[PDB]
Structure formats: structure tokens, C-alpha cells
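The form deposited in one PDB entry is given below as one chain in C-alpha cells.
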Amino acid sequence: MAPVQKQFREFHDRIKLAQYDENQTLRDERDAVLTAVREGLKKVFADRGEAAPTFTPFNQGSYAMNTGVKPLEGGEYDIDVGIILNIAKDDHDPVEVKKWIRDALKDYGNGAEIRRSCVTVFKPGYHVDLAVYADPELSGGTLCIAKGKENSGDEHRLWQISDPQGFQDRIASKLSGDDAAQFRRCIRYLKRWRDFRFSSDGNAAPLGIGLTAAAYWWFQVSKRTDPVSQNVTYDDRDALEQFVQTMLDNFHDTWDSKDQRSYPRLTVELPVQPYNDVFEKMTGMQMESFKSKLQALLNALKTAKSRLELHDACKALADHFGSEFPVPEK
């Protein structure tokens, strides 16, 4: 066994959250919101003189991709779902259409908010992010998401080409079997690191989709095949070291004319439509802090290879992964 592998696998077992297909609670919470939308849409379309448009829901996000983590105490579950409205995008304003969904959910939980890229509804200990799409078959064969806020300019409210099922396929398909299992474990490790070390400043935290897209570009398996048994062992500490170092290598000093200084920026393009940099909203100063903390994590991963005393190696890692990283007693 690779150094600290037992402790990484135990850490994974503590942080992992069962995916939608294995998680009745999440399916029930998802479905309760989809039912509230269907009921709520009846009221909204009561004064329009026609039936509410129908929609086709689909699972999105980490709970669809088997990369979900449990929140830390006081954190929330992030239930991501897509709804494809039986509407032509050319007939409707994208913020108009998100208002249907917001109004439908007005009285559900702690209420609902139009965000740039979804309508979010709040419950105790979880939120549900509904991504709202027009029907491809009515919208020129394209799947487009409703972008813009109520307080957005005409240029910022748009139906944007989006490929959530292609992204989910690219994550599922990069690797297979226990190689793909290591890939998903390493995405989860970085999400717990994110939640433990980016808790001061929420909006500074690297988005889950960005960490996932970074792993899609740059993750490499680390494993060994025993020359006698051909038994395979994985080295999650090494896989994370190489991945973290590769991320650090892709930061680029980027001049900002407004501030008259450079900030180190990591660009991570989605590998499907709309091919945007998913880290674009992070400020330069937040990027600088992200790089510094990633470098500190790299240095701890290297320390965990050298310590020899298992307690010391694991303590170095728990300083970046938090209190659920197992630290054996010396």
C-alpha cells in the first residue's frame, strides 16, 4: 500500500455523498421542488388564459456525476436539476421565463431567487438550483439556458447554448472502473479542501464545476501493479500531488489595467458548450489567494510522502482537509 492510502480511502468514505440514483433523500427533496413548480405554474398561467407549459426534468451537477460531498456543519446540500420547458426560446425573455419558475415557488420553503444561471429555492440545510432551458425541438435544435437577472441589461439577458448532459458524459467517460473511482475521489478531496479553507469568503471559493473541469483536463491516475500477484494498489496522495502541481503550472500572471498590476489566474474552459472559463467570476485577489492555498496544499502532499511517522504525515494533510482527515495517534 502507498503511503497514507488507508487514510485517504477512509477520508473519502467520510466525505462522500451517495449520488441521486443511490440516494432516496436527495431524490425526494428534488421531486418535492419539481412538484411545487408544476403546481405553482398552474397559478402563474391562470391569468394568461392557457395551460402552464410542461417541462422535462433531468439530474445535473455533482449528485448526477457521483462527485458529491457531504457539507461541513452549517453548510448546505446543493441539489442541481435541469428543467426543459416545452417553449420556443424566440417567443420568450429568459428572465421572463425564470420569473414563471420563481413565482411558481414563491410560497415553497424560505422562498426562491433568480440567479444569473438558475432559479434557487431554499430549504433548511439544502438549496435546489433549477437551470431553466427552452425546448430544443422548438428552438432550432439547440438546448439553451435562461441567463440574466431581473436587474440585468438586455445584453446580459440571453438564451445561451448549454450542454449539461455532454459535460456529465465527459466526466463519466474520461476513465473507467477503479481509475474513474480515483478521479472521483480526488474531485471530492478538493471539494472538502475548498469547504474547509474557503469558509471566510464564500465568493472566493473555487466552484465545484471548476474543480471538476480542472480534473477533466489534468487529472492522471496513480497506481502500481505488484510484479508477483499483479494486485493493483492506488496512490491517491501521489495522484493529488501531480494534479495540484499541474493546476499550479497552469496559473498565468495576467495584467489588470484598472489596478495596474498582475494577478495569477487559472483559466479552466468547459470542454462542452458554452466553453466558458468557469473561474471567470473569481477576482484577481481571490485568484492570488487560491494559488497560495493550492501551493500550501501541494507542499503538505509532498510533506506526507517524507514524514515517515504516519501521525506526522496525516496531521500535515488534516491541516488542509480538516477534522475528518484521519490522524493516527503516535
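Shifts are known only where both forms have a C-alpha. Think of the rigid core as the biggest set of C-alphas that the two forms share within 1.5 Å after superposition. Numbering follows the first chain given and starts at 1. First, how it differs from the form deposited in another entry.
After superposing the rigid core, the C-alpha of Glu50 moves by 2 Å or more between these two forms. Shifted regions between these two forms (core-superposed; runs of 3+ residues, all CA displacements of 2 Å or more, residues common to both forms): 47 to 51, 307 to 309.
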Given for the second form:
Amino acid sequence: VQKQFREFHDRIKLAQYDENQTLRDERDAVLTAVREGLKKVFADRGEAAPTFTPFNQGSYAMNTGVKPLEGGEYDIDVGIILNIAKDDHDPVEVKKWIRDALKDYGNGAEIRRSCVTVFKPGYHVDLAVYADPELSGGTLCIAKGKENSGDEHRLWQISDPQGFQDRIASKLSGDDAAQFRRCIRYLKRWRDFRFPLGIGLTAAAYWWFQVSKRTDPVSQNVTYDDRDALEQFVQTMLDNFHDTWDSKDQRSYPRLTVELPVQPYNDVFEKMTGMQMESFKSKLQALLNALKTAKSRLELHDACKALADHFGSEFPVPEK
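Switch from the form deposited in one PDB entry, shown above, to the form deposited in another entry and output its structure.
Chain alone follows, minus partners and molecules.
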């Protein structure tokens, strides 16, 4: 079922910031809009505008991006580093700046725990907001907390977005890397279809993903098993679930822990409730049964037909 996974990949992959003129524009369209919006806010105050360094983030930066489904949204992720001290301003306050700036932008802007989200026709931009490392003691620090949140969970947390993008790019090379990237995209479309924060699956793959190839010693021509590579990876993930008592709920929930391989090394999955976590393992187990099925049991049509319960109506199914 490889040539089907390769077709699937071609259908779902979305060109990274570097190879995607039209995504740089919708990113630029929002940065240009911030600076302009920052004049309309930091003039009222009496003080001068804060200046920021933007940079690319997330899957569009790491070449692991997929095209949204219909009635889904492109997820454009930029960081912005403002020249301020982390020990002077308040994380949400600083995010408040960004929202009001983009108020008159698109369908408006919401403050999230780890970014300001802003909306538009058929996409959104998440803007992670950092304190200057120079004014802040040498550590890059992301603004954590929502308008509705306490002060315990108002933080300036040590971050390494470029470090993380780096681990993903560095994991393997050539066609072993290319297999790794195809498998992240497959599971993202699965996420998009049947909901496992894409970072979650990306961190998971960094740790657990193993290449599935057969190398012809005589012909020195290698052949990739994308199907088997996913079954092995998904099994490893399921395997790594541990039953986890919730005393509030007086019930056990299964739970997968995946530490970021860069600072702060948090469990990326830590903000999924034990409820969220069990229906994540339910779907993962459903996905894995389909992947086993496709290796032989069923013939190409019913094989592919199974996968499409998991991967969606863009998974190619041959007619029977």
C-alpha cells in the first residue's frame, strides 16, 4: 500500500514558508498589520512603540505542514521577540498589546495560554510573544497565561522554538528524514480528520519514530515501508501510555507523557484532561488496527478503504 501513501502524501503536504510565496504574504500581512496597529495603541499611552523581531515557527517552518480539510483553517505560526525585560511587564498585558493592535484585523484576535491567535478567511495566525533575551538575562522567555487565568499560571517560561525546529530537521538525513517527515504529515491529517497537538505527535516521532526500509544489497536500491513505519511508531506510542488515577474523578485515565527535547522539557500532552487523553488513545488504537489490517488481510480496495476511516476521503482508494 506504499504508492497509495506516496499519493496521499502528495495530496496532503503543504509547501513550507520557504517554498510557499502565498503563506509568507499572509504571514507578512499580519506583521505589517501589528507594527501599524502598534502605532494606534502605543501612541495613546504617551510612550514610544515597542519594536519586535519576528521569526517562523511550527510545521510551516519545519516542512511538516499539511493542507487543511474543508471547513478547516491553515495554522500559520510566527514568533515575535519584543525589546522589553521579562521582570518589568506582565505576560498577558504584553499579549493584550498584540490583540488590540489586530482588533480591526480579519474576524478579530483572542489571547491563548501560549500565543495570541488572530483569524481571517480560511486560516488563523498564532503569534508566540517573547521577552528580549538581552534585557531578560540571556534566556528567551515566552509569555504564558490567558486573560481568565490566575497568577500561578502567568509565567515567563524558558523557550527554544529554534532548538526544537532544529532537532526535527537534524533527526535523520536524505530519504530516512523524508520518511520521518511523511509520517508526521500522515498523522497530522489523521488528527485533522478525527479530532494530539501536532507538536505532541512531532515530539513523539522525534523520540520514537524508526525508519522502515528494505535495502537491496545487490542493487543498492532502497525501498520505504511508510505503512510499517507508522504501525511501529503508533504501537510505541500506545505502548508508552500508563494508567493514571484522577482522585477528583475517582477514576483511572490512560495518559501518554512526551517531554519536549528542548526547554522547558514539559510534557507537551500535560494540558489534555484524562478524558481528552482516553479518546486520544481510543482513536490511536483504532488507527493502529487499520494499519495492521492493510499489511495483508484485506485486498487493496478494503485495505485503503479501512485507512480512509482514519486518514479521510483524500486517502486514495482503488475501485474493487
